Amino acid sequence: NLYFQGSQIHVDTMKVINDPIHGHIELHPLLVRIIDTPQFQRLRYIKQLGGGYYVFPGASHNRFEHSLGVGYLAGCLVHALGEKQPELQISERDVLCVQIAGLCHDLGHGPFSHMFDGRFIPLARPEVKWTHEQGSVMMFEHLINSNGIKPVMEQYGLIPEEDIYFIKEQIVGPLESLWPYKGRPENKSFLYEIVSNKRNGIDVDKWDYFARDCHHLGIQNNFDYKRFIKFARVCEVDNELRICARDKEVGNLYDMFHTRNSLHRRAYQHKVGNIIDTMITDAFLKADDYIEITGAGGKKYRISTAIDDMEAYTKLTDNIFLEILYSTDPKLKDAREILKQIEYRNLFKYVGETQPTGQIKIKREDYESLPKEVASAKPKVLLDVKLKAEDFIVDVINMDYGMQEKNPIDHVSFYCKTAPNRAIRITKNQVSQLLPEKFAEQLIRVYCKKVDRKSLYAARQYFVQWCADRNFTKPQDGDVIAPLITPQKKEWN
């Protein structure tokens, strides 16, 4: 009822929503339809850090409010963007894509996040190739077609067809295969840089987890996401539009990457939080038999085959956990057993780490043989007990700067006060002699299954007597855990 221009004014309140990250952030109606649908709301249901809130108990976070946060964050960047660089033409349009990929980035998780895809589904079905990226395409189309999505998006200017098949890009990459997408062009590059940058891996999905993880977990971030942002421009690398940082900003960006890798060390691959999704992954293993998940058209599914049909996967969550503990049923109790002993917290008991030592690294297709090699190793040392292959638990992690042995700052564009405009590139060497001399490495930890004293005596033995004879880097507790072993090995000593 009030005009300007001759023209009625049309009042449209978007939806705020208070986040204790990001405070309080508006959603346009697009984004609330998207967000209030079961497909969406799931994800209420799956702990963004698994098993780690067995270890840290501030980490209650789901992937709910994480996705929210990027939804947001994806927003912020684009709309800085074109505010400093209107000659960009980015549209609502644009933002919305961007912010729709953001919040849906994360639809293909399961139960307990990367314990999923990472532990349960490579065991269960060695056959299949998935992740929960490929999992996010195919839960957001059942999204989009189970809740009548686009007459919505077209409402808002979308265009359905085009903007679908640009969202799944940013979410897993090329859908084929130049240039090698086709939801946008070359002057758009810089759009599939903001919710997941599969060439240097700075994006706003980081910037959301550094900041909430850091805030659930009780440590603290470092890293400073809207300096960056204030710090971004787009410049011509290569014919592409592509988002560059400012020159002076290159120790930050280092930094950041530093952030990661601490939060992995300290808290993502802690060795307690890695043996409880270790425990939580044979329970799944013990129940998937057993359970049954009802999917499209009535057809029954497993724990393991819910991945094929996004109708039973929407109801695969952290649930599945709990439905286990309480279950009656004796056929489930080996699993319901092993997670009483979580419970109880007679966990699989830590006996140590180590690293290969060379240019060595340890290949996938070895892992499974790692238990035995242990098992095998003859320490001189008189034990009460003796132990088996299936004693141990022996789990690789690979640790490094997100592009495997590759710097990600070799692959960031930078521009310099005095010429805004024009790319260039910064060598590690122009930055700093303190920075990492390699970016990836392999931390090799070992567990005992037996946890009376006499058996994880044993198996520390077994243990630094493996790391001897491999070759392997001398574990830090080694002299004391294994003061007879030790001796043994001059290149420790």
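Each form is matched to the other, and the largest set of C-alpha atoms that superpose within 1.5 Å is called the rigid core. Numbering follows the first chain given and starts at 1. Compared with the form deposited in another entry:
- 354 is the only residue from 354, 197, 278, 221 whose Cα shifts by 2 Å or more between these two forms, the rigid core being superposed.
- Once the cores line up, the CA of residue 82 ends up less than 2 angstroms apart between these two forms.
- Put the two forms on the same core and the Cα of residue 345 is off by less than 2 Å between these two forms.
- Annotation: Cα of residue 456 displaced by at least 2 Å between these two forms, core superposition.
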Second form
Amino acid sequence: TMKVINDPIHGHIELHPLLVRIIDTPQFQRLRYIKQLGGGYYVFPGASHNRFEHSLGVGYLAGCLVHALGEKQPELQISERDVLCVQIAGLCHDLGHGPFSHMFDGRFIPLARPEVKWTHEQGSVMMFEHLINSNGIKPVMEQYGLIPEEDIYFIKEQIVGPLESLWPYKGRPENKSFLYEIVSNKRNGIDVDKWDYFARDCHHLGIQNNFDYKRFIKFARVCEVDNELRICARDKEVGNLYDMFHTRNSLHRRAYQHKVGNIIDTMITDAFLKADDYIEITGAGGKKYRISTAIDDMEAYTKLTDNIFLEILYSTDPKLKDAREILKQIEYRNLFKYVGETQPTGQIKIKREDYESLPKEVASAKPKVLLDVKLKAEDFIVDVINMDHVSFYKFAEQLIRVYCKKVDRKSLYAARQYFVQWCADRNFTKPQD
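Rather than the form deposited in one PDB entry that you just supplied, could I have the structure of the form deposited in another entry?
Only one chain is given; partner chains and other molecules are left out.
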């Protein structure tokens, strides 16, 4: 029962029955209703792709790499069981994403609940657990040779990292440390996750992809480094890697950090914040959750997708009028206006818990040339945008942009002044344009 799925990036993807069973669940199929690039679709009409197809792709590539390593180096003792667990991890690494992907955990939850610590990865673990239990996957795992308790632990570790000196992982021993570099590779940012989305995003955006992932897989090997096992590239592949990094940079410059695309993300977020008190999502035991609290209950979170945009847009409730009106601004293309950009000096990083305060700080700033119209915190949006040792055998770490909700020439002028001053008060770089 080896099922085959046609993908425009990878061609034929063969799926193990166990994977098919994980895929055919509400928890996984949910990913069909979550846009890969969030608000990017509103700037790039080719970018209609969702997390679902990306996740299949990552699961596929994860398998290809591990399987290839096992053939070339049977001394690594990569079992078929190891292969499946890595595939599953690749499949399920994005289960925890929320509406509009990175917009949700990167901005909405911070602004809505600054107290809480939340990442989509943590979400992926919770949702995976929920998926397993809700659909009786453990017996099916056993039926294909897996040992649920340790293997489920391994899968979770691949996704989120060590779960809390030593070898921190408990799902596999240190002699298989290389397996933890396939799906999510923290240290050098080279994993199959990135391979898929670079290729996929390029394909949909109309941007040229220079990296050849197959070639890289074909020439990859596990090799000794600092008395540790790591995945290593042949020296002949160095050009291919440069091409990868250039593709990455292009995607970030051209798409991920696009000026209007990011503005639209903050407008969508603004609408969610205005809707959060009034939207009800039913979770476990009939209990009711808000957009911002659905992350606390996986039954509710399952039903939280980009649909929430249209539920607000199509609503008639008077209580949702404000939220609805912002989404209508997007349709009519009356967007927030770009004021300017700056960076934090030093190794200083504005943190998520502080995001909510930033608009007030900006309005609190005192421009020396006092002006006619004064602006308040509600009129400002402050957007914080985040972001050679691979083994062989201009990058801004944080950008800060400010937008204004009032498009009046004088308000824009004013806003600029507040912004410039705020940068000065914080010893941030001085705005240009």
